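Okay, so here's the structure we're looking at.
Removed from the display is one protein chain of the complex; every other protein chain stays in position.
Residue numbering begins at 1 within each chain, and the chains themselves are lettered A and B in the order written.
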Amino acid sequence: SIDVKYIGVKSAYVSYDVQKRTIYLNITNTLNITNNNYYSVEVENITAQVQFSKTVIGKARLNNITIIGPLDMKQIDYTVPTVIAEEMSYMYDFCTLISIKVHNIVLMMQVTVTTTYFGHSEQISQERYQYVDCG
Amino acid sequence: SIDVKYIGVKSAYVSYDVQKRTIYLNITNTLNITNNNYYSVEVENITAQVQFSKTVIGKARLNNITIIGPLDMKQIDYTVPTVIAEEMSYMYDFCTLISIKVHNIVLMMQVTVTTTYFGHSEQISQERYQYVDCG
Partner (left out) sequence: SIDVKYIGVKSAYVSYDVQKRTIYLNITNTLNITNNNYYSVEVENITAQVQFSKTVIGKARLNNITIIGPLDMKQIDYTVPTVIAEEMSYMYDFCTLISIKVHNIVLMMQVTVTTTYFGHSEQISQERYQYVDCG
């Protein structure tokens, strides 16, 4: 939540890129950098009291205080039917990156059914790195 | 939650890239770097009291205080039917990266059904690194 970057090629602080037919004679680079970072993050001071029934006195009657009732979840359930009477395929691939009828699924459940969580939770997900190179 | 970066090629602090027909004569690079990092993260001071029934006195009657009732989960259940009467395939692959009818599934459950979690949880997931290179 401070530096969340998606960088396409490269990242630096001081960068030089001298390319593609240049002449670079008797330069003088003189850097005097002072780059300090001071982070103070998530400094928390919590004081909680969580009760469902506090201090019942004298012939009282309680019932069904908290009900998280009939629950139902169906997260990923998709149907891909296919009825083909006759099929023919011809594929001539060269230096390619194909994917035919693949199912890539990622599921992350951090804090599911629970009660009274304290502190810190986190979830990070970085996708695959794929690549094809021909000379 | 501070430096979460997805970098395509390279990462550095000081970087030089001299490429592709350059002439680079009698340079003078003089760096004086001071790069300190001070992190103070997640410093927590928690004080919690979690009761379902505190201090019942004198002929009282409690019932069904907390009910996380009938629960049902079906996370990943997908149907891929296929009815083919006649099929023919021809594939001529060269220097490729194919994937035909694959199922890649990742599931991560950190803190599922529970009560009264304290502290810190985390989940990190980095996908596969695939590659094809031909000269």
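By our rule, contacts are C-beta pairs under 8 Å (C-beta built on N, C-alpha and C of every residue); 3 or more make two chains touch, one makes a residue touch a chain.
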Footprint left on subunit A by the chain that the document does not show: 113, 116, 118-119, 122, 124, 126, 128-129
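One rule holds in what follows: only the chains that are shown with their structure count from here on.
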Between subunit A and subunit B, centroid-to-centroid distance (C-alpha), Å: 5
